[PDB]
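Next come the chains, spelled out residue by residue.
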Amino acid sequence: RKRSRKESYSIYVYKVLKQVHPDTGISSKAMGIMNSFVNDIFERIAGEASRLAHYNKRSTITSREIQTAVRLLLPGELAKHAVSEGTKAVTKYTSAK
Amino acid sequence: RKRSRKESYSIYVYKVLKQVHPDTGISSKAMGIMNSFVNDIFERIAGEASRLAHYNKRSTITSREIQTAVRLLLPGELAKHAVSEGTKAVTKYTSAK
Amino acid sequence: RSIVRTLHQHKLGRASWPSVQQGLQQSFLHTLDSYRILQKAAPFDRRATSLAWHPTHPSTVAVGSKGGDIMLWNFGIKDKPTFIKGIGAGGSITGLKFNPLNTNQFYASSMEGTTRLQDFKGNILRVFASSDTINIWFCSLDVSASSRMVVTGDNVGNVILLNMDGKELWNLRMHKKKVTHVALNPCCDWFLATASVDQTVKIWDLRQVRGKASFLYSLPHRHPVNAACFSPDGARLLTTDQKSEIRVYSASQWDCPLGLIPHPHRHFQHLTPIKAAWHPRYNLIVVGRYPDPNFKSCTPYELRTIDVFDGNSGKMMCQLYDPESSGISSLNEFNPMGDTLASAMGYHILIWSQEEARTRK
Amino acid sequence: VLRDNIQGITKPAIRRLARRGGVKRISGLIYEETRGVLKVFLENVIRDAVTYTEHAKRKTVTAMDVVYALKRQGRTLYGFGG
Amino acid sequence: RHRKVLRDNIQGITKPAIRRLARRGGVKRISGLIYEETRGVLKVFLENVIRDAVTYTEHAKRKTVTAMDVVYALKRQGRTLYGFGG
Amino acid sequence: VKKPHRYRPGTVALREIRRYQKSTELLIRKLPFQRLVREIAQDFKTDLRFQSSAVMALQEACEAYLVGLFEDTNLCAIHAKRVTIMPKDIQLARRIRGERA
Amino acid sequence: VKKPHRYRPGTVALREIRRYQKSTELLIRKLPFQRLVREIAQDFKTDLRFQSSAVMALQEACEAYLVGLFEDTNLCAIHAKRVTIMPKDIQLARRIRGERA
Amino acid sequence: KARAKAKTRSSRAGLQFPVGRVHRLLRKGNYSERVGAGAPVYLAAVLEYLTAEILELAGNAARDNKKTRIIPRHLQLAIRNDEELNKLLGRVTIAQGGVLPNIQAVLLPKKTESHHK
Amino acid sequence: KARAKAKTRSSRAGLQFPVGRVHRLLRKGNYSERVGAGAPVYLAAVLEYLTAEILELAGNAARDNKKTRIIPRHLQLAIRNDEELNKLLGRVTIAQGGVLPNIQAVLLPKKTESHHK
DNA sequence: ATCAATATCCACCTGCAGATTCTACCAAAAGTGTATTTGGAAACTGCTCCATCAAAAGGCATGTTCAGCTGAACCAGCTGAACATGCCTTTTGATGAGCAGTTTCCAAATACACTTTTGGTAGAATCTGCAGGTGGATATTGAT
DNA sequence: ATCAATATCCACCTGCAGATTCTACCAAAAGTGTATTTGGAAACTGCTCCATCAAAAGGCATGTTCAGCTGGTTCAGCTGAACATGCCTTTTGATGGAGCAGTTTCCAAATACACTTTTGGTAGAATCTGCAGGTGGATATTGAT
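If you read the sequences in order, they're chains A, B, C, D, E, F, G, H and I. Going by the working numbering, the residue at position 70 of the first sequence is 186; the numbering climbs one at a time, nothing skipped. Going by the working numbering, the residue at position 20 of the second sequence is 136; the numbering climbs one at a time, nothing skipped. Going by the working numbering, the residue at position 239 of the third sequence is 228; the numbering climbs one at a time, nothing skipped. Going by the working numbering, the residue at position 77 of the fourth sequence is 78; the numbering climbs one at a time, nothing skipped. Going by the working numbering, the residue at position 76 of the fifth sequence is 828; the numbering climbs one at a time, nothing skipped. Going by the working numbering, the residue at position 24 of the sixth sequence is 445; the numbering climbs one at a time, nothing skipped. Going by the working numbering, the residue at position 23 of the seventh sequence is 444; the numbering climbs one at a time, nothing skipped. Going by the working numbering, the residue at position 33 of the eighth sequence is 35; the numbering climbs one at a time, nothing skipped. Going by the working numbering, the residue at position 61 of the ninth sequence is 63; the numbering climbs one at a time, nothing skipped.
By construction, these hints were calculated from the structure, which means they are not laboratory data. Backbone N, C-alpha and C fix where the C-beta goes; we use that ideal spot for every residue, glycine too. Do not take every clue at face value.
[Claimed, not checked] Incomplete in silico selection of chain G near chain E, CB under 8 Å:
1) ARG427
2) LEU435
3) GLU437
4) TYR441
5) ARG456
6) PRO508
Could you build all of it, start to finish, from the sequences and the hints given here?
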């Protein structure tokens, strides 16, 4: 009867997996690893963005701050593709306000 | 009406130095080092307390949270002495009310 | 290519004066590469700051030192060049110009804040301006004999205009910052162009502008401007900026520039500001080079050389470089005859003349 | 001799862990040293986990507690929440 | 001139300087090839720290690399530097 | 057949290396580790319980750290023109990393 | 007596070790390090300016890092029954610590 | 009353990861007093791309082993074979992952083995 | 009506460090929505104790070298000669800090001179 | 083993370049008075963990044994150490302009209150990879 | 008169633990509004950063000698890896109890917010004085006899 509602990123990870490899499944334990990975990167990027905000005496976390956080955490060519994807996402979102 | 004000921990560090060694002086670079040390340890303990408040779904930072943060961060016997000093300080403060 | 065929072709009158001038200029460039030899040089205490050519005498050159020393150097005489010692602290002669009437005097603008008329023998005749106050000095200076006017600028942006006998009616501020150069046109005698650190050049007509900084035009510039010099014919204004750009403006539509000539002459506290100069009897522009790691240089050799361009086409035509003088040639002023070039390197003054003509018996 | 529960980490198990790590020949004295190293590491992790659980007014060392304890040492662990 | 003192670069760190650093660390005898590897490692470390500092300065829209930028860049990697601000 | 098939020293070791590198099941036994963890806990505080997941996490972290230390120890051992891991190698590996504690 | 006083190999090495561990003066000269830092800054952005304090911080950090690395390297060299540090010692130290090499 | 048919901010941005959820987690978490509209979209896109990369490499690893389900072992191979990801997750231990095959050359024996009798 | 004389929170707790300043820095900095009354005093006390320990060791080191003033070197020796402080600040560099004079034994000249041919 | 060149330890003696020590003040702290939350007591459920029983059965403690490894002892050959000396290269003091560092505003942005509805999930029915079990089929490493 | 223990490795087949998909519910997310607030653009300004040419003072790049470390080559001896055996500790199941980790609800200390009064750091001058740099000796290091 009584039970809380756990919030996870399982369904969205499954959707992405279906996108990249339609005929493939993921175990529950792999799903746990993916959930931990998503949460960890969220915390890393958010923390670096928050520091970047406070360091410049700013109080709002804008897209520029997350851009710099991504530039700072990720290595090599991973940063380029990720920044491009984020830029496309924000451009699409704002173009259809 | 320009008036710069750079807040620092120099005066308090000097007071403590005289308390623990009256016939001693501190160089400006030494005072900068002590300033950095104080700020670093403050950030460490405060951030650990913030993290603890989040895990337990607690919306406030109380003396218990700082105590647990100190226990986590500081090593060895420096933890026992620091916690004893904190408990003595808090009991002295409350007894004054 | 048709080195000698063109002059005879002219002589019949088939060629107009401009084509003859073009040919003579080409001959000048062709001979310029034999000038490479440095005939003479001379030391004195500190960095050289000012260079002035004797209007008539073709061997007398005047150079000032950052410490207030003035040297009259007539080449080939070995007369122990006249030297006037200075204070040495802030006596820098920011600008030197002979008195057109009596060549034995000169108009010298100094960091003291005193643009003065002084005889080369040493005695000071008369001081034209003195703003006192220490953090107010004079930087610019120009004299027009035709109208007998003397113009001098200040460090703040207020220029002064004085007669050769005094009675200034001027001192109206025209720039928000230091006024670097003021040039009185040779052809006309009433309109003046001034370059400042405000990053703007303003052209005035002293006979008609008196209404609270009423300027004929404003010439915006991306960076500070060091010099704004007119062609001897007075039909072109050559403007030198501080990072890398040279602009030429014609009397037709003063505002727009004829050509942008990229050239590295970056600024330095301890370097005499680099100034491009006009060739008295041709359409050539002479200016030194100051290499930059960030500047775009296609050639594999990045050397400190005195470049020569052409006023119209805006392309390089010749370069001067002789090792053993690899310093930075801040100033470069041609001899009025156009035969000798005098350069102001740091602590050394260079003359790029050549030997004489055929020998007698 | 008292077992002390540290001998519960048997010698063959140490051989297996060493084999997976790329070694080929084990000197005799490696066993005591590895037992000591493991004891120190476990002491650190359990101390941090116990501090966390005590602060929460609990009596069960949750999985999240050990995961958080490993975060501090820079040994982040994936698979048990986060 | 094309001075380029042996590389115009990391090769400007004279051999006695690497010897002095090694001696401060307790090194007694040094092999001949150690110098080039030391220069390489220094170059990599400097590249990383400078990249972090330059990102910081670019974010604030500044034309200077402030000291606090280098301090925070080092703190990112875990080499906090005491004595320049915090 | 005077003697049976006797693999030379090393070959079985290499086979075991392959077998345990191709696998992922835990190498430490469950009950001994549980008892050891509970001993350490009772040392730090009395009457403490453990979720099975917590003990699993401890096992995973300990095994991962130990295998990493063994990789570094082997790297050090080869450096010394040897193929044997000795305590001095573990000491050096822990010292360089900064794990003196 | 005609033979000139010649210090035997090593007696200067230890003296330099003591001298440079008892002091704190920066060992890398200002100008070469400044030029190096500025050159590496070109690749990431053009027209950058460095505060003197920023370059001093970079020098301090680089010298400290190199001193630490040389300490760990010398420790590796001893473990190999040697007194001379060679490049493979640097490579092993960096591998163990966690850097690329 | 208009009540335009609600479209998720994820759909507006063409993303699979939620955009509202990241905005909520940023608001609650004391990362900063204010969170902008563009921040959640950018962060969701970044997370989606990283997940896509790791999952694609893991799936490629699975196909090489004739396995159609991604188990924890595969993610370890994906992360520890690609240098950039290894840098990103160099200080993370994957549950039930194992280690990459690696045997130092000094250990491998002499190669003399061929029919000679 | 009374407005008792203002008494500093530092005096109440008998600490030389500013309790009010730590409160202000905790509020501005977003460590948590609310800051309890007793947290700042505890944190100030901890900072004071650690500062006192470091300065005491630094002064002892200074007296060792026959100097009345604490320069950055003397802090380095204090931090590096005490185990607990060395561990708390094991990943930190001190401007003009220097290093301990430790020298490995094998490098020292071999005084074990025995019978030789 | 005397001795004979250095280095380093001392030990006075200035003077000046930073440190202490006076100010004024204003921004931040402290003192009342309400509002408004936390979080902690107190009472539940029922979920997970402690044990504790079987029975294996798979692992390990346990002795031979001998094959390869690890450490000595010299040994030749070379390569870093040490000094000697001119020659760079670094270091540094001469009296402009850029830009970091603060004020001050809005227009744009984000936040804050209710409302509608909808993807989010509690758990339940299905499918179904593949773990595990036979069987060959080679394959490697070690014995004439 | 190089094949054999053990392995690896593939091919195939079957059932179920355990993923996938599918009902339903409802907690957050949008949507529509009204209210704060505050990021970046003018504006300024005062510290300080860019980098040349003399002049000079020190380090150092370049060549000898040559002491000693250092890879290499033999050699014992030791020792641990491999294998055979029989006990025995550890896995799978259990079956409950039950301790207490979560889940509701209530309200009273606790802290926020806000103003208004107060005085404690802090930015400048003043001046006070460790000690860095000299000057000399006295002693210990070190070294080839």
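Going through the earlier hints one by one, which of them does the structure break, listed in rising order?
Checked against the structure, the only hint that fails is number 1, while the rest are satisfied.
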